[PDB]
Each structure stands twice: as C-alpha cells, then as structure tokens.
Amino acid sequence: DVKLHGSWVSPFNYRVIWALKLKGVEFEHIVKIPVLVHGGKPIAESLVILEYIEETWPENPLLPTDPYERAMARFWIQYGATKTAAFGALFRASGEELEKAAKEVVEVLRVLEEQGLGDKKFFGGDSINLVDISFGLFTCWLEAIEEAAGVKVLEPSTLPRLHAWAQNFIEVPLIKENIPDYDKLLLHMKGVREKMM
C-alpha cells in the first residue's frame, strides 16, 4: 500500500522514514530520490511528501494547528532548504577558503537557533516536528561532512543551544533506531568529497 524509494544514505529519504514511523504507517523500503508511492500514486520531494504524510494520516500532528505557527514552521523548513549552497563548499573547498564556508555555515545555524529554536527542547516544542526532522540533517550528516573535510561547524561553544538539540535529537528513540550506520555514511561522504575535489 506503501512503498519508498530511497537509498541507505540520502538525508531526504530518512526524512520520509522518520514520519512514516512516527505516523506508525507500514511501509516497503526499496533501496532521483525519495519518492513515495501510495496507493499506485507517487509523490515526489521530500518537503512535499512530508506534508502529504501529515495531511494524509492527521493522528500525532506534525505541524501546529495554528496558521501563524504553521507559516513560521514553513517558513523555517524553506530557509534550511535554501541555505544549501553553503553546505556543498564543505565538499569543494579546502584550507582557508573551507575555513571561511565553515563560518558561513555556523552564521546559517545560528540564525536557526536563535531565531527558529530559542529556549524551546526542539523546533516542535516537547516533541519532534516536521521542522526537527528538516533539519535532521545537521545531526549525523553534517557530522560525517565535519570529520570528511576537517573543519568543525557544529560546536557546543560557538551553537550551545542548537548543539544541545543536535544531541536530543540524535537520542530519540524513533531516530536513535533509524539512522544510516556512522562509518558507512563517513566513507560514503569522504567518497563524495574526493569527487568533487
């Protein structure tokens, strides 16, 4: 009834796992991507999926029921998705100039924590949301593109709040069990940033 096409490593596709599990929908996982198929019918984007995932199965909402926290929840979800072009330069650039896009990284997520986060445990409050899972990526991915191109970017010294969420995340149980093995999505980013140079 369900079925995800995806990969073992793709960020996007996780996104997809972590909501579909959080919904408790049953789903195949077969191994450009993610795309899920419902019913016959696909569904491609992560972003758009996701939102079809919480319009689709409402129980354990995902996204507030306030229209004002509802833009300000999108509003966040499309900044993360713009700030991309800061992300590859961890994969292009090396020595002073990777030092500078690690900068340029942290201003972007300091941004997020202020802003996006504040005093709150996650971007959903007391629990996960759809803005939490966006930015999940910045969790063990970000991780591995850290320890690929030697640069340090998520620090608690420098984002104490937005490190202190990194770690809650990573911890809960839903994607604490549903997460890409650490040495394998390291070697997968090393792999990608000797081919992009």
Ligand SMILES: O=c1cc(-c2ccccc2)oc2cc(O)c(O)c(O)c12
Contents of the next structure:
Number of protein chains: 2
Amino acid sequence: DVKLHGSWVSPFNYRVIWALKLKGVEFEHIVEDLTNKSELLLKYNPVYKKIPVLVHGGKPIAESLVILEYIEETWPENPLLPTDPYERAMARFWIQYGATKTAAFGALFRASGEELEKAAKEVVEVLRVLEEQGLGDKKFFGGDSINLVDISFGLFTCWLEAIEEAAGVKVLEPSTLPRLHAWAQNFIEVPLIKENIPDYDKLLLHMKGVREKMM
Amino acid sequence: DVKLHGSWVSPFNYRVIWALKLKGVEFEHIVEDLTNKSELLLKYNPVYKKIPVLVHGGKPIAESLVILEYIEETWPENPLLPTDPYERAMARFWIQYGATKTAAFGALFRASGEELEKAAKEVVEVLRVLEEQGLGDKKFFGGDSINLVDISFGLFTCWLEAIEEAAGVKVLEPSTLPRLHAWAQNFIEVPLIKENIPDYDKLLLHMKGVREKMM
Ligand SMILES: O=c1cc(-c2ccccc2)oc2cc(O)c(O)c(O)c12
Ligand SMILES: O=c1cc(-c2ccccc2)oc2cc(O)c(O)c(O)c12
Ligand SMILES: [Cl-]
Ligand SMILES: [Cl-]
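Having seen the form solved without the ligand, could you give me the form solved in complex with the ligand?
Below is the entire complex, every chain and molecule, led by the chain shown above.
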C-alpha cells in the first residue's frame, strides 16, 4: 500500500523513513540506482526524476518536504506538527529556512583552503541563527520530542559530520554552537533515529566521492 | 489586529493582499521603504530583513508562502487549499516548484541577445511543465476558482509581462502556452485580482530599473 522509492545514503529519503516509522506506517523500501533509473521512478516523478518518491495506493508524492506534510495529514496520530497556527507557521518558517540555506553547504564540496574557511564560517552563521532563533533552550525543535522541524534538520547530524571529515573543516562544534551541538547528539541518540541512519563509514565514502567529482 | 509590512510593487506582498481580501480580513497596509528600513521590520523579521511580514496580534509571520498557509489555517472559511491530503500535497508540490524555479527568471534581468534567448526558452520550458502537469484543462489551478496555487503563480501575470517588455523577450504567449496564457488572462480578470494589482506603467518602470542595475 505504501512504497518508498529511495536510496541508502540520501538524507532526503531518510526524512521520509523517520516520519513513516514515527507514524508506524508499514512500507516497502525500493532502493533505486541513480545511474540507470527504473521506469516506475520516471513515471512517478517526471518533473525532477529524483528520489524520494512515496507511492501510496499507486499515487506518487515527490519532494521530501511535500511527502512529510502528506504523511502528517494522512496519518494524523503521533502528531509531528503543533496544532496552533502560529506555532505551525514558525515550524514551516524554519523548515523553509533550512531548505533555502542547504545551498550554502555546496561550497563545502567545491571550495579549498582560504575560501573553504569562508564557506565554513558562513555555514556556522546559518546554524547559529537556527540555534538562537529556532531551537533556543528546547531539547528538540519540537520541544520535548522530535517533530517535522527536527526531521528536516537531521541532515545536519551524521551527513554534515561526514561532509566535515571529507572536506577537512569544522562547522558544528560544541564551543561555537553549544545548544545545536547538544541537539545533534540528542537527535542521533533517539532510538528511532539511531536504528535508522546510514553507516558512518559508508556515508563518509559517499561524501569523499561527491567532493572528488565536484573538486 | 492585522498589519502587513509590504510594498506597492512586490509580487510576494501582493500574494498576501489577495489571500487576506479573499478571507475578508481587515488589515492595515504599512508600505516600507527598503533603503531606510523601519525598526519594526528589523524586529519582526531579523532573519531576512525583507517584506512581506504579516503581524497578527503583535506576532510576526515572514515569507509569503509561510504567511499564506498561516492565513489558510487561521481563517479557514472560503478555503484556499483542498481538503484531500493527496490534493493538498499536489498543491504544495506546484507551489514549491514555482518557488524553486523563480530563480531561472533572474537570467531575464542579466543576460542579453543570444544568452537571453536561451534564458527565455528555459523559462518557457518551466512554464510548459506547469501548464501540462499542473494546470491541465482546469480554468484555475484551484479548479473553478482561485486557490493558493493560483495566488503563488500570480507573479507570472503582470509582473512577468513587465519583465518581458523591459527585457525585450517573449515568454508567456498564446501560441506556445495556450492554456497557461488563457489562465493568466482569466486570473487577471478575477475582480479580486483586477482591483488589487500594481499599475502596469509603475511595474514596468520598476522592472526597467531592476534590469538596468543588474545589467
Ligand atoms: O543535495 C544533497 C545535500 C546533502 C547535504 C547533507 C548535509 C548537509 C548539507 C547537505 O546530501 C546529499 C546526498 C545525496 O545522496 C544526494 O543525492 C544529494 O542531492 C544531497
Ligand atoms: O525576486 C523578485 C522576483 C520578481 C519576479 C516577478 C515575476 C516573475 C519572476 C520573478 O519580482 C520581484 C519584485 C520585487 O520588488 C522584489 O523585491 C523582488 O525580490 C522580486
Ligand atoms: Cl527532497
Ligand atoms: Cl516572500
């Protein structure tokens, strides 16, 4: 009834895995090969031709952020968004902030030396705004348990750690971002996340390859 | 109770005006000067420091797409999104598609000659996907009346027409995009939109100035 056309490394695919497992939705995970795309993936997502694509009752939903909101409306139990409209708007605001700024992380795969240190400092400033104005003193962006904002920022945990090691730069450190660093550790220790994250060595290998091709 | 920190030319500000007028929400329009920003605008939106910012009961909501969804949840009468989760996901998918591709319109203000003709053809292909897969044979993206998808695409009407005249290129024409061109004419004739759009001559003057500074 529910199929997820995904991958074993994509952070965008992992957002959907987390949301489905939080709702207790049974699904079949179809891991696609991006070099030779299947006919189902091209028929279901003819606009971007990429993963993740959730297929529910034969009907496709593409784009991780679109899929998350579809999951939240379709399986409303164990809510991942607050009920108050102002609180929901603040959640969507921070989700879109991360989605817009995820581009500034691209420079971490391209730049080198005194240019890569400039990109890493810009990434720290992006995360500091998120820490001060978004997280604040809460344990999670969803308060006392993870919500769609935490899920949307999950790529700043082990995927970002892998990018840092592959690029030779530090971005999310306890000295400079104390509350966001504690959040990232707390997020990764949540049993749902801990049992559903790619192996670090495989993720690091992926980032090294991505940095090699993007120079 | 409701204040809108806006401008007389921003298409992003006009999305909010349309949604508020469709809900029948009374509001005070505070037109800001972008060169010398007021202290209220800096306090309400310290992340982007831009308009539109809706302030409801003293609480600020920034980013036009975030404000639209806040308006839809806060004043649920005269719905601007469908009730079915799959239909709502398709609406959000097309809204995010336009938001992501709005960047390809930037080249219309920068490029010249054989480079500007390449940018205009890429814009036509972006609009063709939207026409075939998004609009189809419906009168409006919301079916028989405008919804948040029509509102989000309203910038492709007179703002785009002004960019075309300022740049000396044609993008949305009846021969090449028959259904999207008929939609744009129908949208602009909706009395709510017709009574709430900037004067074309002032909008054209704005685009000419923007193209001049961006060369
Ligand atoms: O666009 C991508 C961005 C990042 C990323 C991770 C952490 C922090 C910032 C960005 O990981 C990725 C991995 C993939 O397998 C893939 O196909 C991708 O497009 C991306
Ligand atoms: O980013 C902008 C994009 C466009 C635009 C309009 C039609 C089609 C595509 C893009 O208009 C604008 C007008 C403004 O006053 C402003 O501050 C802006 O940032 C924009
Ligand atoms: Cl995605
Ligand atoms: Cl906006």
